[PDB]
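What follows is each chain in one-letter form.
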Amino acid sequence: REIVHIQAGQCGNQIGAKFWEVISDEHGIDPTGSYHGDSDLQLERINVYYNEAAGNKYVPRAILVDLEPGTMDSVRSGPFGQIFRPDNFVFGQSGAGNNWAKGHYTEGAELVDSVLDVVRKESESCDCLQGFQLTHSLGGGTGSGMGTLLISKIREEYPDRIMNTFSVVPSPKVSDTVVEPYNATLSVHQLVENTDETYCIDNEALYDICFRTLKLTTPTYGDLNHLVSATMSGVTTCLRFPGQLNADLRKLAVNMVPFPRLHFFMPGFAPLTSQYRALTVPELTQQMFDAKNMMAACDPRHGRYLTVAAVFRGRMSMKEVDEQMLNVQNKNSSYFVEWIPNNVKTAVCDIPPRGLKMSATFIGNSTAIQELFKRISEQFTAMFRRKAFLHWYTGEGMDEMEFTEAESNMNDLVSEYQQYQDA
Amino acid sequence: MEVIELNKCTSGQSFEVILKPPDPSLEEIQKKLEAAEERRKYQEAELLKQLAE
Amino acid sequence: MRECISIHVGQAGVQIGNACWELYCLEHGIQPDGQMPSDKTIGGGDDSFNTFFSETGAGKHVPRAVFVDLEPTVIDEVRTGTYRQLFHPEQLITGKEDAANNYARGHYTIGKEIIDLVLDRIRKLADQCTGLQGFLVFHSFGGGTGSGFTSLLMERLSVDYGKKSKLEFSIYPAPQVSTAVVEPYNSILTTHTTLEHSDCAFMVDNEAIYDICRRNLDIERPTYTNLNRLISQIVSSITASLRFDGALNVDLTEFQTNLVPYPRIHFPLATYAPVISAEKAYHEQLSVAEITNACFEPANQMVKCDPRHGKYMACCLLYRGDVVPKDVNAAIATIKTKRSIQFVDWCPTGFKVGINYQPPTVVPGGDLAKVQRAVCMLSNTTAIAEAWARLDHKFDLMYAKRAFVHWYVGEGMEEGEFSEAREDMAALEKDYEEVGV
Ligand SMILES: Nc1nc2c(ncn2[C@@H]2O[C@H](COP(=O)(O)OP(=O)(O)OP(=O)(O)O)[C@@H](O)[C@H]2O)c(=O)[nH]1
Ligand SMILES: Nc1nc2c(ncn2[C@@H]2O[C@H](COP(=O)(O)OP(=O)(O)O)[C@@H](O)[C@H]2O)c(=O)[nH]1
Ligand SMILES: Nc1nc(NCc2ccc3c(c2)OCO3)cc(-c2cccc3[nH]ccc23)n1
Ligand SMILES: [Ca+2]
Ligand SMILES: [Ca+2]
Ligand SMILES: [Cl-]
Ligand SMILES: [Mg+2]
Ligand SMILES: [Mg+2]
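Chains as they are written, first to last, in my numbering: chain A, 1 to 423; chain B, 1001 to 1053; chain C, 2001 to 2437.
Incorrect hints may appear among the rest.
[Stated by the list, open to error] Chain A stretches covered by chain C per the calculated footprint, using a threshold of three residues with CB under 8 Å from any CB of chain C:
1. 256 to 267
2. 342 to 354
[Said to hold, decoys possible] Below, in silico cross-link-like pairs of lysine-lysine (DSS-like), each with a Cα-Cα straight-line distance of 30 Å or less:
3. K2164/C - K1008/B
4. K2338/C - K1020/B
5. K2352/C - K1041/B
6. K1020/B - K121/A
7. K1031/B - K2370/C
8. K2336/C - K1008/B
9. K319/A - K2280/C
10. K1032/B - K2326/C
11. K345/A - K2401/C
12. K2326/C - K1020/B
13. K1049/B - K153/A
14. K345/A - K2096/C
15. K331/A - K2304/C
16. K1032/B - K2430/C
17. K319/A - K2370/C
18. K2164/C - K121/A
19. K2401/C - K331/A
20. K57/A - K2338/C
21. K1008/B - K2401/C
22. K2163/C - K1020/B
23. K1020/B - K2096/C
24. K1032/B - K2163/C
25. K2124/C - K1031/B
[Claimed, not checked] Across the chosen pairs, the derived CB separations fall in these ranges:
26. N342/A - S1025/B: 37 to 43 Å
27. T220/A - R2214/C: 46 to 52 Å
28. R2214/C - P172/A: 19 to 25 Å
29. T1010/B - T2130/C: 23 to 29 Å
30. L326/A - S2287/C: 38 to 44 Å
31. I2335/C - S333/A: 29 to 35 Å
32. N342/A - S2038/C: 58 to 64 Å
33. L326/A - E2284/C: 35 to 41 Å
34. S1025/B - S333/A: 46 to 52 Å
Treat the hints as calculated values from the structure; they're not laboratory data. In this text, a Cβ means the ideal position worked out from N, Cα and C, and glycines have one as well.
Given only the sequences and the hints, what does the whole structure look like? Please build it.
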């Protein structure tokens, strides 16, 4: 039933806010929190993400976290900013200076208890909490360090609930500081241990999509975050609308994750919008499987698919959908592991997103994701072999040993992906 | 092909046509369920010990 | 008169139950409010339909049925739908959180907390029977609840009602409408744990029903409603002998006596004909000979397999409608000279035949046309073992990599149970080969 949403830091809070705008529009909820839709299908499972307050008001089940105030002031002034509950804003003053150790061990620790109090108050009033989703980046200090601290405390107090993240992975092509590879390696180590599902969103890929396909000479953060919000809408559609299926986050996890550590998913979206030509089912199918629509900069022909979910939205022929999904599997069979039968699953929702007649969202558990971690590992090593920029971290109390251990964990994850790719 | 044992009622009839001749007790169930629950307790305690470290 | 209690477990079992009880109401003339005007004995009786329906002093006819699910959303539709007044609330049992397609969560973790409540409500129904025969149990192989809770329940019913017969109706998994990869694990684990507790089990492969709906009803993409209405016709054909006057299969024990001489080999194949579309303008009606012939075509079977390459151990023909014995015997004589029907040597070559004069009922505004005569064949043939082979092959593929095993271990199951169940399946395939070849 109920999901609790958490957004931490600058990146996390910008994409989180965009997510709430898009889905609030789909459910017919305006910025004041009043329902003005045309169809009972919009409200029948509204309670998954929204609480009902007095006056038939709908309030997002959302907690907003940062170590500095700036971005949460921008949220509060943003177009839908009044819809969030005021008591759910939890912010410090110091900042974390793009420093994972400040987020995880010093500045963040002072705030974490007050954040957990609000989480507990939201969970306490849930009829039947299914679990949690977190939005954050891995390259900074607050979302990365404090986000993974939060993940650890939530597991300790709610050990049998599902913990899911949408995680933005750094790239030198879109970079704020040189230390991003350190912060990302430290964070992945935590995710391998403490999440059930992590959507890998690579700023490299989002940039290449804006540049090559959508034709934009200077992509802003706003342009990248538009794709992210559309993808997240796609991926939560099956819980959010009456589509026959009787599912919860745990049944989805059981269907998608064959080994506990290999739970990092590659998202995609079709069609890519910045037009009027409607799109045939063959075209949706061909484009959703195309490398160029993937949100993690990995070649799926360089690995094999452990599992795939496809979600189609809009009015279309289910016969034709089945035929096209079968066509792609039968003609490209070598990229799908033979030892998990029937590992491609398909959903259809009648309600299309805003501004499109037909769309498709892709979720892949592919061994080609090892390419992303290798990237990060090389950037890590190039600095760590000379200890460059380490004094920022040891000054907050960390030893070199912790860096060596994190590096080892991530090289092991890569080796595991390779083991299942050669089988 | 011998037709034998015809029976008849107001709602139908039946017959046969021949073409050719030729547990654990409650205690054990309870024990098994409790052993599984104990294994779950053990795994949960190992997790929480990791987190205290 | 001897009572029969039905138990519907998990999503598939509950929805199939709904279709069956709707059809029984239409066949017996019981309205959705429970009244039965043709019943002149108010507040009781030992008529044949009383095997399945009790009576209140107000003339309400109440199903002898329990619905059980671990989440509430499917049974709530029963609570609010057309037949809501038919069922007593204590008959409708729900939990808060489902088994997430995981046999171990259904059997161990969640089942342990609801099993005593379920047995208590069953006991409540049993205390109203003067000569309880046993149970009819409806479930999927693939769901966490249908597999794991059902097996737990079957063990406990053997403990608490050790003299009573138990029949199963089982939905075998098909990728064309399935939503999970782990269905083969759940199917093998539940078959292993239930095998000694079930006297007779009718397997229905969703793939066969899907293709019959597409080919013969002209439905482009069948839904669960289509599938369940057809399945409900077949179930009704099987239970009619318990619900109407007659001399064949009049009690649960007789199913085993007539169909199952080897206790582990207790999975009869069902074949049903004719299935004809309501939208089809004029239908030229099929004779006894043609519909009895249709029983030997694989396309009409509830499990796709080839009976020419196995052996028969028993056979029953259940006719409904305008049928006299002379035509049955003439059809059988013709069919024997044309088809490959070979029995095992220690069993006689023969058919037990039942005829009920009331034609089949159909649901108004449904996809099925009304016909003047129909037949269900129940044959115990070794060819059904092909389905076990298919499932076992898929199991072997995944277990060699231990794919998904951690989800089961984390609920407290030991890895050894996987291989105990698999080896029991290996011995079952061996039994069918030794008997059949
Ligand atoms: N024929 C038929 N099959 C169904 C129906 N509903 C579900 N199934 C099949 O049952 C299998 C899944 O089992 P479910 O009944 O949905 O699972 P469950 O018993 O409710 O257990 P949970 O996992 O706890 O929800 C799949 O193979 C489905 O195709 C139905 O109404 N009719
Ligand atoms: N896609 C995307 N990436 C962002 C956004 N804001 C920052 N980033 C990236 O996230 C990393 C910086 O982390 P940031 O969120 O600013 O740090 P924090 O405030 O301490 O959590 C760098 O990789 C940036 O390129 C955003 O709005 N969208
Ligand atoms: N694992 C997984 N898969 C998803 N895709 C669709 C799907 C459809 C039918 C399926 C299936 C998957 O698996 C078997 O049948 C979405 C999600 C998700 C994640 C995080 C937050 C979420 N809020 C709502 C949903 C969701 N999580
Ligand atoms: Ca301080
Ligand atoms: Ca009466
Ligand atoms: Cl008793
Ligand atoms: Mg920043
Ligand atoms: Mg269910």
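| task | Would you pick out the hints that fail for this structure and give their numbers low to high? | result | 5, 6, 7, 10, 18, 20, 21, 22, 23, 28, 31 and 32
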